[PDB]
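First, one chain by itself: the form deposited in one PDB entry, in structure tokens.
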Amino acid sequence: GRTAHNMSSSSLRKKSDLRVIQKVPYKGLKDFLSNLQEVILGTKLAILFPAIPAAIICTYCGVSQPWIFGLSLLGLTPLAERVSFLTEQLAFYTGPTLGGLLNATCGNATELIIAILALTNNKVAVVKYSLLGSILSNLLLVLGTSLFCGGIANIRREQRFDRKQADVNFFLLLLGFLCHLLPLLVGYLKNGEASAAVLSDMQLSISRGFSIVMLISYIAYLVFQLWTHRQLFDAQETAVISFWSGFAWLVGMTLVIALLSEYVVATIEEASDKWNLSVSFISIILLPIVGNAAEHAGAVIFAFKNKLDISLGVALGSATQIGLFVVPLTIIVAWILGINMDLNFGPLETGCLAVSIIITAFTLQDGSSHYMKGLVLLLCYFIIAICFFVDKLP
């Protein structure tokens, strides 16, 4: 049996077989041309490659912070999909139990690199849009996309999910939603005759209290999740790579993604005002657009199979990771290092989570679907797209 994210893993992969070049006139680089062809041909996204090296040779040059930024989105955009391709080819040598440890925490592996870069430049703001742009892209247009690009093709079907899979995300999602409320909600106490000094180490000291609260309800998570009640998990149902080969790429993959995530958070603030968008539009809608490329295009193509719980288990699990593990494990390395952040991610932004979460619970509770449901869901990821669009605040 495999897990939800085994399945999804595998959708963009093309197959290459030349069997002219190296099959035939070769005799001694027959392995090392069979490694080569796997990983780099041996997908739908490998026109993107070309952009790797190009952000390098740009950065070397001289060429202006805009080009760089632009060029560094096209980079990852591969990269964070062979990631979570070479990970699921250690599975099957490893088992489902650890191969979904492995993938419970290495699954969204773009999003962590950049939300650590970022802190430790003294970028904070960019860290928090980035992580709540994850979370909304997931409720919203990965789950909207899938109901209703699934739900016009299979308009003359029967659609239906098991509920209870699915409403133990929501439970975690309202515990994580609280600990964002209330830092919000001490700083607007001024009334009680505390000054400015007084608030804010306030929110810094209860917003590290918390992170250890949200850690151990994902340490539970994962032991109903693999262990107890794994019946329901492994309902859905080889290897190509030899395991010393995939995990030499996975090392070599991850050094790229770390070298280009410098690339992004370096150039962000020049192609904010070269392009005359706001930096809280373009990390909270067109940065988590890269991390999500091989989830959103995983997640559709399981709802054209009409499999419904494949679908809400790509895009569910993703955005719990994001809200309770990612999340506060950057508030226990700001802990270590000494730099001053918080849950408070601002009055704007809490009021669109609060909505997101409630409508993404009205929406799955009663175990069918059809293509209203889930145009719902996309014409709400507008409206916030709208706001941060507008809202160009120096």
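Residue numbers count along the first chain shown, from 1. In this text, rigid core is short for the largest set of C-alphas that superpose within 1.5 Å between two forms. First, how it differs from the form deposited in another entry.
Only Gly107, out of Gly144, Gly150, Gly317, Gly107, shows a C-alpha shift of 2 Å or more between the two forms on alignment of the rigid core. Taking the rigid core as fixed, one finds a CA shift for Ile331 smaller than 2 Å between the two forms. Relative to the superposed rigid core, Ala54 undergoes a CA displacement smaller than 2 Å between the two forms.
After superposition on the rigid core, displacement of the C-alpha of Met341 between the two forms stays below 2 Å.
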Second form
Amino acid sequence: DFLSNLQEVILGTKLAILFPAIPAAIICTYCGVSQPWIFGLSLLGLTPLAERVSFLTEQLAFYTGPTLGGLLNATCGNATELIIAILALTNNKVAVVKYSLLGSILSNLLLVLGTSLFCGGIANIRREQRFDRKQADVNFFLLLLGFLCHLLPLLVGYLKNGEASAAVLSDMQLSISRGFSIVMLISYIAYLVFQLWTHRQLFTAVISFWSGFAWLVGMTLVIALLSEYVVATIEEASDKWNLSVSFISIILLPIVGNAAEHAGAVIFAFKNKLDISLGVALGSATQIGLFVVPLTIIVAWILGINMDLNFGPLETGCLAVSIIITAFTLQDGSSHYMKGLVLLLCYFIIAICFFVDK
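Next block, the form deposited in another entry, ref. the form deposited in one PDB entry:
Next up is only this chain, free of partner chains and other molecules.
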């Protein structure tokens, strides 16, 4: 395309002061800079690269067809939650995998969704704001299937009364979590048939094709380079800031991940198209909940690393109410600003409980 949209669209992001963070993460590695600065200049280097992957992926959709063009249009908003989950599972920091994959479900149900209803409720306060229910009820049937897979290994850990030690109940949680994962991958392959082929009918570009595959390695081998620096240097970056590792992982780190889905769900909220702001905010809390999370169990199954679906007692109660307050909000096909301020303030309640949790 003769180097024209290769310089303008790269400088055509609504956030573009974050591009000099990328040279100040490799150079600061080979100079002996202390580890909080490498952590500060790696989150600010993945924030436009989480968008430039999740925008240029749509540019390859117009060169494939109707089948794959319904798949890659709705599967690569989560190409940063996947790389950080695998470059922390192989580094044996298994707890950070359980928080960043939980904070990407809560941010897509409370902060992303409850800003499309608030900011796109005040601008359109003198119009009627309608979406459809049948298009986004399937996204809540699957999250209640995911919650049952997280509830049951939690309650097995509190069965120490029943004449069993810890070595029995730990290989009982680990056996049923490695069997719930195959059941969770089947209710997402079936979802990717209902959404694409069977019920499609009830449901131009600017860039050349050869550009779209060159950059989507040049914007992926830089996410995989910086996702090591976030994982391998999160401990000293949690002792010089006086923050907990169960707050950086669950609150600050999903903001870098879900920043592509958080300017697409808001711009289509000012345009009064809330069918689209519910496809981005809900259809990406299902890909995390039922394809990205049970795939980590299967990769741990192969590598010999122990990992089960036990998040914890305080993390599961936040997951249970996030699905119930979202379901009762979206059950009549009409919205206003007070539906979205209740979802924001339920996210400032979770964000206090982990700021104190030391």
